[PDB]
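Novice: One letter stands for each residue in the lines below.
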Amino acid sequence: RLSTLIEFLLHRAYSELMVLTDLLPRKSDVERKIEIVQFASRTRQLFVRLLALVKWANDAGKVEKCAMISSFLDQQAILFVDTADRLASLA
Amino acid sequence: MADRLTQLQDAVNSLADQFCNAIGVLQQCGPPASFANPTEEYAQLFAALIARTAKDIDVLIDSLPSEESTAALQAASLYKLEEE
Amino acid sequence: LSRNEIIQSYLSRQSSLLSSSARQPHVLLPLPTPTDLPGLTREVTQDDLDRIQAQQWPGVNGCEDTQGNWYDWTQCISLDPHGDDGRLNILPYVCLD
Amino acid sequence: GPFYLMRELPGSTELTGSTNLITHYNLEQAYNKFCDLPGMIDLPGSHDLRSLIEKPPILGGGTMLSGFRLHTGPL
Amino acid sequence: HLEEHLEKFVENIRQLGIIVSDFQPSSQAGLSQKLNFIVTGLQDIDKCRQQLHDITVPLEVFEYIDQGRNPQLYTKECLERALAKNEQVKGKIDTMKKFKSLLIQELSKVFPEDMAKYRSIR
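Protein chains in written order, with the UniProt record's numbering: chain G, 56 to 146; chain W, 1 to 35, 48 to 96; chain A, 468 to 488, 513 to 588; chain B, 63 to 97, 111 to 123, 127 to 139, 146 to 159; chain Y, 7 to 128.
Everything labelled a hint here was simulated from the structure, so no lab data went into it. We treat Cβ as the ideally placed atom computed from N, Cα and C, and that holds for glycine. Treat the hints with caution; some may be incorrect.
As the list claims (entries may be wrong) - Taking CB as the label site, the calculated pair distances span:
no.: 1; chain 1: W; residue 1: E53; chain 2: Y; residue 2: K123; range: 16 to 24 Å
no.: 2; chain 1: G; residue 1: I133; chain 2: Y; residue 2: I51; range: 42 to 50 Å
no.: 3; chain 1: Y; residue 1: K106; chain 2: B; residue 2: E70; range: 18 to 26 Å
no.: 4; chain 1: G; residue 1: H66; chain 2: W; residue 2: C29; range: 30 to 38 Å
Claimed, not checked - Below, simulated DSS-like cross-link-like pairs (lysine-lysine); rule was C-alpha separation at most 27 Å, straight line:
no.: 5; chain 1: B; residue 1: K133; chain 2: B; residue 2: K95
no.: 6; chain 1: B; residue 1: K133; chain 2: G; residue 2: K88
no.: 7; chain 1: Y; residue 1: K40; chain 2: G; residue 2: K82
no.: 8; chain 1: Y; residue 1: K14; chain 2: G; residue 2: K110
Generate coordinates for the entire structure from the input sequences, incorporating the hints supplied.
Specialist: Listed below in structure tokens is the structure:
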């Protein structure tokens, strides 16, 4: 579910670090540092998104319970209305 | 028609649907507020027709034929009338 | 009863007028005692016919009302028995359609 | 009163959706912590190019040109 | 309680890693990867705990709720349904009042006994 995002972020960070360290002695580190900063910002954003998703799902039980109650009430109302309309159309 | 085959349930359902449509056009959708002549004329005609039809149906039901005109009685009466 | 419009309202009004149909005095004809089944257990004779045709008895002809509202067995008198102001030539009391 | 051949009375209060189900959902605290302006003002805002990558996370839910413009010291 | 604390700890770790990477990177750049791996492991442990705690939060429902939407649409639909139900109840009450008035009129016009017996106690 939400762990796949963190796994992809960690894999991207590891791949960026490996690609930076593979050719680090060829050119200057001015671009490698910026790439590492961008990867760290992406990892921080992914972790913040995961934390927000966890905070939203903390009340997922109550959310689903209230949604099911509302759906049951609406279904009962629609069924009663449909039965009344069908009886009237038949008569 | 002073007869009785298949009009009661149909007329009752039609009157109920017309009353529901009138109540809807009067209270839910119309120029009451925002939160013409044709609809008003149609509603007035429907109400007048429903009232007149109910009155005429009640009058015809009160004046409908009683349990008279049985089989053998009508047979003998028609035979005597034919002979005369 | 689900979808109703002006055409639907007009059709419903026409159907009601086809199926069910200033004084407008409705002659409340009461159940006459001179019948055949639960009336007097007698056959149709001149007495019952004269009582239902001349007096206000809805036995065979019909119970006549005031204001010259003659309602015989086949009298299509121009009375005002309807709930409107149109005193047109109404159909007979029997109205056998 | 109820004579012969009288139809049965329905229940007093069965499962009904005609009541104010909005308060039963407990949506008051959400509307208070938002401030349909409350839900609309929380779409692109969190609380009161790296920026283009950060804005995509709130919206959806070359290299040398961007690196030459990153000249900044400690402060 | 524990899930919110774990989420706050993960957010704080991410902020600390971002602040450390914002400074002059002199050591190995593997610190960000290690922090991301630790966050992934913490998220996996939290998901395992939620699945073992018999929580009523399925993966499909959680994915659909996290699709960038909220219950505002459902709340508006419920409000519209309540308004429509109130309007229908008012229309039905008006229709019942009109039917009672027509019944009383027909009773006073043609016959009051049957109409009164049918309108009083059915």
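Novice: Now tell me, hint by hint, if it's right for this structure.
Specialist: Verification of the hints:
{"no.": "1", "hint": "W/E53 <-> Y/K123: 16 to 24 Å", "verdict": "violated (36 Å)"}
{"no.": "2", "hint": "G/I133 <-> Y/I51: 42 to 50 Å", "verdict": "holds (43 Å)"}
{"no.": "3", "hint": "Y/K106 <-> B/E70: 18 to 26 Å", "verdict": "holds (22 Å)"}
{"no.": "4", "hint": "G/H66 <-> W/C29: 30 to 38 Å", "verdict": "violated (58 Å)"}
{"no.": "5", "hint": "B/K133 <-> B/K95", "verdict": "holds (22 Å)"}
{"no.": "6", "hint": "B/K133 <-> G/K88", "verdict": "holds (22 Å)"}
{"no.": "7", "hint": "Y/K40 <-> G/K82", "verdict": "holds (25 Å)"}
{"no.": "8", "hint": "Y/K14 <-> G/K110", "verdict": "holds (9 Å)"}
The structure is inconsistent with the numbered hints 1, 4, although it conforms to all the rest.
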